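Colleague: Now for the letters of each chain:
4 protein chains.
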Amino acid sequence: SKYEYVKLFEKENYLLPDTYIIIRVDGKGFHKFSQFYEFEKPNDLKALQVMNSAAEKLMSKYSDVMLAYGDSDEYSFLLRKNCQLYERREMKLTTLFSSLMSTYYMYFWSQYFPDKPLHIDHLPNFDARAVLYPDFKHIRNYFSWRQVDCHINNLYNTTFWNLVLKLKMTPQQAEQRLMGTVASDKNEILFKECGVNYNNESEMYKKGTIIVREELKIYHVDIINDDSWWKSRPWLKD
Amino acid sequence: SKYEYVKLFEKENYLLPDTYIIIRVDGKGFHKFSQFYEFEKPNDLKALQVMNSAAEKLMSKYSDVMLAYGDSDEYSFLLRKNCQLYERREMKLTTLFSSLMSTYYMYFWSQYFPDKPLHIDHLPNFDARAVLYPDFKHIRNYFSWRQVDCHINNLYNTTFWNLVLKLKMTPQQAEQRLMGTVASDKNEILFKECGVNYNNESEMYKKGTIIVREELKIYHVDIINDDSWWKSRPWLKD
Amino acid sequence: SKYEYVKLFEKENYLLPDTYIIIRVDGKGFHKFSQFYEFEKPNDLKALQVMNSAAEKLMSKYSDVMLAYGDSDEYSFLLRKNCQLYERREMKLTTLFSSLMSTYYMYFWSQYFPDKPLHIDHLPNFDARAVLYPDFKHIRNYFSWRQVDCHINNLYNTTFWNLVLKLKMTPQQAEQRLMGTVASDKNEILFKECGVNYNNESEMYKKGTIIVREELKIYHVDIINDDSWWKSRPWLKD
Amino acid sequence: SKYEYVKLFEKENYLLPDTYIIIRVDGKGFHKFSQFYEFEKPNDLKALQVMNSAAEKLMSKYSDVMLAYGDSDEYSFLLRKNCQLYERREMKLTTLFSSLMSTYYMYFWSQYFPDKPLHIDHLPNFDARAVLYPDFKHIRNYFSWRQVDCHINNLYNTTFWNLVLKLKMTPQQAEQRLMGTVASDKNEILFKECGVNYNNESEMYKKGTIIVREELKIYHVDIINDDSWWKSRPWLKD
RNA sequence: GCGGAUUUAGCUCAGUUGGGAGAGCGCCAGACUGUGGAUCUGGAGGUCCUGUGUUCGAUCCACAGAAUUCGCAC
RNA sequence: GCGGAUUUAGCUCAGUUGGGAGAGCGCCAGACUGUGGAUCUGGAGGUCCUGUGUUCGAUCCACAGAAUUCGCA
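These protein sequence lines are chains B, A, C and D, in that order.
Throughout the first sequence, residue numbering follows the authors' numbering, covering 4 to 217, 245 to 268 in sequence.
Throughout the second sequence, residue numbering follows the authors' numbering, covering 4 to 217, 245 to 268 in sequence.
Throughout the third sequence, residue numbering follows the authors' numbering, covering 4 to 217, 245 to 268 in sequence.
Throughout the fourth sequence, residue numbering follows the authors' numbering, covering 4 to 217, 245 to 268 in sequence.
Take these hints with a grain of salt, some might be off.
Intra- or inter-copy, both count: the list cannot distinguish identical chains.
[As the list claims (entries may be wrong)] With a cut-off of at most 30 Å between alpha-carbon atoms, the simulated DSS-like pairs for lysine-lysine come out as follows:
no., residue 1, residue 2
1, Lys-60, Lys-95
2, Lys-5, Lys-171
3, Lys-31, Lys-261
4, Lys-84, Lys-267
5, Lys-95, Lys-189
6, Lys-189, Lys-10
7, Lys-10, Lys-261
8, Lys-35, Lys-10
Because the hints were derived from the structure by calculation, they are not lab data.
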């Protein structure tokens, strides 16, 4: 053909071999999304169950995924360093992960929320980015970063939404009240003013969600300081 | 934070400025997809209408998309050379496009096919790639390439399936019949042996689908040799 | 062989076809270099001829180089859109250009300065970077940028070195004297305090060096506003 | 400035952190270079001493280089995984290495060969590529690969040049003679026909050259199987 | 895109309805001698592409995903 | 992750009910002049981060998405 020459303008990027690959997918404008479909605040259980369902099915579909961690509207997938999926073409991996997460989310939404059919202008869309890590310690520190982020965001949102619902404050009022406040102050505000003991909050909300290949098992525990949890799973390293 | 340092391992790729951008999305294993949901052969109208609906909605959402061409399980989107969407980040554009096409396809499928609800193991997924073209002549030639490819492939499937249906041949028999045949030979085989006049086939089947920003208008015309069609639409160039 | 596998960690980068290529080479620490070998200030003529000789020879060797502009310790080379040199492999182009400029500079230095044999710890080194530009207008604007920067740096160096040499100021003293000063002030300082008419300085010093493929001709002219200079050379565009 | 905007078209590439970097430089058309300056065959000691001098000086100039291995017209440099030279910018590293190796080669050439002044059309140029390796085992395997390649190439050149020089053959005759020949066949040809025992060849010629930071020490030993050679130098991993 | 064929040790290839994995070259060690060549002896290396399903048991059987190659076709 | 402020001519800052965009500099040319200095005239360059609407009309207003910067950690 006299037209195929344009194919020469395409440029592929193969991700460095024998390197750990993290693919992180993130909900596009899921704040507005959470508002449109009237999500429970601070945390809506079933929506998180949809997220976990999509992630788990995806994980079941692709064996190279050793571990997955999700919270709020985000999910991180760890691919074994020796992954050869799609010859490690970055675009294939990221666009496939985003496509899969979006479609599976739509499906499981149709399963968990039949009362709230999806509207064409507020469909769940995900972006996806690939990140390379040469040593496992960086993987540990990454998931540590994500879990710390989950802890901070959950504490803030629980305090905020308890201030809004129980103390009937305005979002602006709750926002100003939390200004310059630290973890101890948020816990004290929740317990004394809202009558809520944070430590008694669901483990899933405060710790996020971990899916690990054992069998596929789901945990909601601290992985930041618990070295034995990692050490007992050496196949994560391989 | 002692963990945020891992964020430094990320690499962004900004697409060269003042360049025409083509993002092509492609259905993942849609032959098998067409089999599972028992698509009509050679061409199933309603499915193609799902594709076109999804693509048109997508084009409607992003004003930077000047032109789209789709056929079978593929769709190409032209973004104007001075586009600043997501600061011209390749990953954002591609993962977002795959996600959008996927979700819109899922939505419109429930609309056109209420009789065939989607199965979790056969959801429509799309990959996506970004290609840069510095001169409009290469864009013209690109879409020319896509239309020629559509013509050849359609001619193949229509001839094959007419050989299976009208002459009651076995797939291997029809395939053996098509060895060393060219477009003209396939046309002559269809007309003389199967009694089907190709030129009378649906225009969408023979030319594919064009969505162009005018209002958004859909065409099923030749864009390869019709220079005036392009010349009459200078806003495509800039 | 059981060791050849490491070849898979290599990454090639082919520069986008049908795009103008600019390769800019720049002297490594040529201020300290100028100090060690006792360069005349503000401008040492013979050094500039070494630069120009190296650039001209390099350009003579590779016909794809259509235009070159050099000043101080930098030089810019324009390679035509359909250049296929080293299959447009970026790395080959850049390392080759840097190696060539360094070696030719060493050679022509050995020719112009036999009195000052080069010392191993002060050899002329060059870096090299490649930049892609999709439209010729951006090429014009690039070389315009380079000539403007050349004017700025030359004016600064002449004023600075006239304040240090013609007067008896310290380099830091002159630096502080020129702080927050503009072209008008520099001109006025040269005139009133140093008794130097900037405009009467050599044209090469104020405008830089242009090498054009016509035959290779060397110019010291304005290319910023002179449209006719470019328009009279359409082969530069092709 | 209204022209500085072109600066936005540059794209820099920062190498993945915590990864071992190998920068390999290789002589451009050094077959022709070897012919032009009438190099001794198969191996010219003084030329190898020029290469080695250049490499040692370069390594001496940049403390980040932990190990270097060179042979024939190529040299490989290992940079420790946490190196921050030029912020791990690929272009700067490679073009700088090419420039340095080229200039140093010119200088030491002027020192070892006062009898053979360099001709402008045959100055020594080097290309350079950077390769990332996430694990040290790959470093060991890389240098192993290069040393094996050295063994093969040296055996070939010694057998070949003994066939042209000693048996007074034409290069094409030797080329055809070595077609389909294996190491054993080459050894027997040298031994029986040329009266040459390969094992008695200089250790530098058959093993290549190793420069290691200990002090900078030079070795001509096997590094493929001698694990202790690496193990006794743990600072290479760090 | 359509179809066939293939994926097991470092390289080339076996193998068994469906049962516990091998040979030649190459590599390392020792003896031997002409040396890293020749012969001989010894030894090392493998997620049998990645998952799933059935089964007491999968390299094999069924399905799916990835990769290699050759045909036909622009 | 949560919030404040910011993005307007090449640079630096105003900036407006909601209506018609500017200054200093920079920069091109011309007259006279020490020089493309100053001084003098004319002129250019602004998609005011990007889209939609309310409107007879949008730089400010209302919705959506993005970027720089500093806090709270």
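Colleague: Within a copy, between copies, both or neither: which one fits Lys-10 and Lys-261 at a CA-CA cutoff of 30 Å?
Modeller: between (47 Å within a copy, 24 Å between copies)
Colleague: Please work out whether the CA atoms of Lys-84 and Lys-267 approach to 30 Å or closer within one copy, between two copies, in both situations, or in neither?
Modeller: Classified as both; 8 Å inside a copy, 19 Å across copies.
Colleague: Given a CA cutoff of 30 Å, do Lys-189 and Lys-10 count as a within-copy pair, a between-copy pair, both, or neither?
Modeller: Between copies, since 27 Å is at most 30 Å while 56 Å is not.
Colleague: Have a look at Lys-31 and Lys-261 and pick one of within, between, both or neither, based on CA distance no larger than 30 Å.
Modeller: Neither: 35 Å inside a copy, 37 Å across copies.
Colleague: When Cα atoms must be at most 30 Å apart, do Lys-35 and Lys-10 count as within-copy, between-copy, both, or neither?
Modeller: Answer is between: at 26 Å across copies they meet the 30 Å cutoff, but 39 Å inside does not.
Colleague: For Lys-95 and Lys-189, with the copy left unspecified, which applies at a CA distance of at most 30 Å: within, between, both, or neither?
Modeller: neither (43 Å within a copy, 34 Å between copies)
Colleague: My question is about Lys-5 and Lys-171: at a cut-off of 30 Å on alpha-carbon distance, are they close within one copy, between copies, both, or neither?
Modeller: neither (69 Å within a copy, 36 Å between copies)
Colleague: With identical chains treated as interchangeable, where does the CA-CA distance between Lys-60 and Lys-95 reach 30 Å or less: within a copy, between copies, both, or neither?
Modeller: both (19 Å within a copy, 24 Å between copies)
Going down the numbered hints, you'll see the structure goes against 2, 3 and 5, while the others check out.
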